[PDB]
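A.B. asks: Take a look at the letters that make up each chain.
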Amino acid sequence: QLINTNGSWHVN
Amino acid sequence: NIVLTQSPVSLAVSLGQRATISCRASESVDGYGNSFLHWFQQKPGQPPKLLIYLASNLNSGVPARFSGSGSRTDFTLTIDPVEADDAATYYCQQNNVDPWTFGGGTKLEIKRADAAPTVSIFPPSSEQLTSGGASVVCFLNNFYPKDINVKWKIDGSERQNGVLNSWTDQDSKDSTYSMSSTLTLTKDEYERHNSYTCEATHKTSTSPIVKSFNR
Amino acid sequence: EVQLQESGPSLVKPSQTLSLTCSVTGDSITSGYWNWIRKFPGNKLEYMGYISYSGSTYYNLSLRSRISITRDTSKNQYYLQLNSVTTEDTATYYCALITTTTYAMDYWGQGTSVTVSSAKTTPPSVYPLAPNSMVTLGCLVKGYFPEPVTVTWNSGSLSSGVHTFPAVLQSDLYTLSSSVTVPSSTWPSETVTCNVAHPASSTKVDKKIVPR
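Chains as they are written, first to last, in PDB author numbering: chain P, 412 to 423; chain L, 1 to 27, 27A to 27D, 28 to 211; chain H, 1 to 82, 82A to 82C, 83 to 100, 100A to 100B, 101 to 126, 133 to 213.
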């Protein structure tokens, strides 16, 4: 699944 | 900062009819081909309940009377046919752009047939009088439409000071509203007068609806 | 099947730290994103932040300087601390989980009220309201602080026919009332009691409604 960092979702 | 704008601020819909609510984002909430825009229902005394996730997907346990659509910046939630349990405030929420936010809410009111209030009036308890205060209470229950005004009188003259009022939100089962009005006096003032009256104006009567008791 | 429940003080003094705990049952906090959200008296909802399954955090910039979200996976709990509070931090606080199934806040606690005020905790006075085939009775609950007070009738066995009205604040004291409507053939022949709880003052009061 996507991962969230600092409010935004990304693959890695 | 990103904002979500909901419109309209509120709306009143008859049972069986369609409600359409809009949420516009000031910039795209999409990423990875998803729109990170979700819709919640919230009623008083309860947490928000997730209805629609990623713009268009129904959450498990939500009926297909609910649907959402949109992408990027413009989104809609539709409830069709509306039911009495749908009286609530609806919010959009986005979780892909810092900072995460909610829209300002849209309150849905359900229309129904007019219903006159059941009015009941209550004198000060002996318990309260021992503390030197005196509250007279009127409940004005299960009425529709929501608009109601209460005036108090003491020995036939209006009394404005000392009145505290509270209103319920719309009932999820019968689509009515209720109201409590309390007139607080000192026990000394209370004992200077005889007759205490709550008078309600409501669309169901062209004359005041009156309850009284005599000290 | 996951369940979340918030707990902690209902009243915090201005300038001190607000702390709440979220206790999670039926799943483990080492998957998912574990959030705090709050709803202001005006009803606006504000996102506060998360701690993720890895221990990483995300905070709303409006709060980043004053907030910390931490966890204890041996208790399956996570925690909010909000420093230097003001009366502007009075709100209902909720914990909620986001799973990657929906990427949305998909399971929520019931929420807990926190008031920030220098006003003093004050227990309630509970006054009976007594006066056809239907009869309405009530309880008037006056003089207490902070919210919440809850009301039940006959310990929850009279449930339909009840209206409990939002509390109103005047001069740092709340008033709330609740009405219940029953057949006149049931009262006063059978007892009707309102059960008032004010957890902030560690108080429960039962008032039976006797005829005047």
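What the hints contain is simulated information worked out from the structure, not anything from laboratory work.
Any given hint could turn out to be false.
[Claimed, not checked] Partial selection, computed: residues in chain L whose CB lies under 8 Å from chain P:
1) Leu4
2) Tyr28
3) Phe62
4) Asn92
5) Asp94
6) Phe209
[Unchecked claim] Capping the alpha-carbon separation at 27 Å, the derived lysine-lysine pairs in DSS-like fashion look like this:
7) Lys183/L <-> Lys147/L
8) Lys39/H <-> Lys169/L
9) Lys44/H <-> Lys39/L
10) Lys183/L <-> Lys149/L
11) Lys169/L <-> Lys45/L
12) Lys183/L <-> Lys107/L
13) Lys183/L <-> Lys39/H
14) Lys207/L <-> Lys209/H
A virtual CB, placed ideally from N, CA and C, is assigned to each residue, including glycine.
A.B. asks: Next step is simple, just say for each hint if it's right about the structure.
C.D. replies: To see whether the hints hold, each was checked on the structure:
Annotation: interface hint on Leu4/L violated; nearest CB of chain P at approximately 14 Å, more than 8 Å. Checking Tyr28/L against chain P: minimum C-beta separation of about 6 Å stays under 8 Å; hint holds. Taking 8 Å as the C-beta contact cut-off toward chain P, the hint placing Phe62/L at the interface is violated, the least distance being around 24 Å. Using the Cβ-Cβ criterion of 8 Å, the hint placing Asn92/L at the interface with chain P is satisfied: the shortest such distance is roughly 6 Å.
Contact between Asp94/L and chain P, as hinted, is supported at the beta carbon level, the nearest pair being about 3 Å apart and thus within 8 Å. For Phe209/L, the suggested interface contact is broken, since its CB lies about 60 Å from the closest CB of chain P, more than 8 Å. Restraint check for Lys183/L and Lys147/L: the C-alpha separation of about 20 Å stays at or below 27 Å, so the hint holds. Distance hint between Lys39/H and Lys169/L is fulfilled; the C-alpha atoms sit about 25 Å from each other, no more than 27 Å.
Our distance criterion of 27 Å between C-alpha atoms is met by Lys44/H and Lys39/L, whose separation comes to about 13 Å. Straight-line distance between C-alpha atoms of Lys183/L and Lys149/L comes to about 17 Å, which keeps the hinted pair within the 27 Å bound. For the given pair, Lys169/L sits about 18 Å from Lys45/L by alpha-carbon distance, which is consistent with the 27 Å threshold. For the proposed pair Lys183/L and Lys107/L, the alpha carbon gap of about 43 Å is over 27 Å, so the pair is violated.
Taking the CA atoms of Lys183/L and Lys39/H, the gap is near 39 Å; set against the 27 Å cutoff, the hint is violated. Restraint check: the Cα-Cα separation between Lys207/L and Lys209/H comes to about 24 Å, which is no more than 27 Å; the hinted pair holds.
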